[PDB]
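> My request is simple: use the sequences and hints to build the entire structure.
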Amino acid sequence: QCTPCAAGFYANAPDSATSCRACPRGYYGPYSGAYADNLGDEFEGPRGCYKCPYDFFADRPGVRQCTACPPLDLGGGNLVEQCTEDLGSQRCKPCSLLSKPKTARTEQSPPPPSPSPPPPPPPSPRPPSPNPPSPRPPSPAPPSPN
Amino acid sequence: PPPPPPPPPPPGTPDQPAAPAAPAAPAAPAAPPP
Ligand SMILES: *[C@@H]1O[C@H](CO)[C@H](O)[C@H](O)[C@H]1O
Ligand SMILES: *[C@H]1O[C@H](CO)[C@H](O)[C@H](O)[C@H]1O
Ligand SMILES: *[C@H]1O[C@H](CO)[C@H](O)[C@H](O)[C@H]1O
Ligand SMILES: *[C@H]1O[C@H](CO)[C@H](O)[C@H](O)[C@H]1O
Ligand SMILES: *[C@H]1O[C@H](CO)[C@H](O)[C@H](O)[C@H]1O
Ligand SMILES: *[C@H]1O[C@H](CO)[C@H](O)[C@H](O)[C@H]1O
Ligand SMILES: *[C@H]1O[C@H](CO)[C@H](O)[C@H](O)[C@H]1O
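Chains as they are written, first to last, in PDB author numbering: chain B, 1746 to 1891; chain I, 1 to 34.
Think of the hints as simulated: they come from the structure by calculation, not from any bench.
Mixed in with the good hints, there may be bad ones.
Claimed, not checked - Label-pair ranges, simulated between beta-carbon atoms:
(1) I:22 / B:1782: 53 to 63 Å
(2) I:10 / B:1775: 49 to 59 Å
(3) B:1884 / I:8: 46 to 56 Å
(4) I:11 / B:1819: 49 to 59 Å
(5) B:1764 / I:11: 13 to 23 Å
(6) B:1818 / I:11: 41 to 51 Å
Stated by the list, open to error - In silico SDA-like cross-links for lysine to any residue, where the CA-CA straight-line distance does not exceed 25 Å:
(7) B:1796 / I:30
(8) B:1838 / I:24
(9) B:1838 / I:7
(10) B:1838 / I:16
(11) B:1796 / I:18
(12) B:1796 / B:1847
(13) B:1796 / B:1845
(14) B:1796 / I:23
(15) B:1796 / B:1759
(16) B:1845 / I:28
(17) B:1845 / I:30
Every residue, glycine too, gets a C-beta built ideally from N, C-alpha and C.
The structure is reproduced here in structure tokens:
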């Protein structure tokens, strides 16, 4: 039997995979059963380990979801938000000091998640039950007298 | 004579390989000014 690759892992083939592998540091796999076709990015698939969004970051290889940059606290009352320079990164840098800003990020944001599959049907109705033994016939009367 | 019994299931399948830790936290604290 075949086993589906767990969350945070992807199969290294579209059809006949030999071993699931962990998603890279900059990516994340939300689903169960991720597979990596070879058409475009190597570690990317329709359900595969997606790269973390612009704001969000993750560093652990096999992870379900990324996390947002934490608010940097340099001392008293200094909560400065942080962002990422590139599309997928495992380190979140200050948003003030990044070179390419939110202004120049020309990537277009990917579609929403396609809907969730229907449920399993009920158990089918068993075929009918066997009719009982049919009845017997009449019995031969005793020989008429002579 | 009646039929024989069924088999027992397989065990519990293996667990995914435990992930590694994280980076070594930072690099250069503060390079000297000019
Ligand atoms: C009638 O037959 C079915 C089998 O389809 C089932 O055994 C029932 O228990 C029986 O009453
Ligand atoms: C799509 O929209 C997001 C905001 O959620 C962001 O601007 C990305 O740069 C874009 O790809
Ligand atoms: C499934 O639906 C979503 C939108 O809901 C998206 O278009 C995907 O590309 C599609 O596969
Ligand atoms: C079932 O599937 C969709 C993705 O196709 C989504 O994860 C839903 O949250 C889930 O219920
Ligand atoms: C029992 O259930 C299945 C569901 O797949 C089928 O539709 C019929 O309802 C019956 O065979
Ligand atoms: C005669 O009637 C039926 C058959 O015709 C059955 O065998 C009885 O046992 C017998 O008496
Ligand atoms: C003797 O018995 C048989 C049974 O069918 C028949 O009635 C004759 O008429 C009787 O004499």
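> Taking each numbered hint in turn, which are not upheld by the structure, reported in ascending numerical order?
When the structure is compared with the hints, numbers 1, 2, 7, 9, 10 turn out to be violated.
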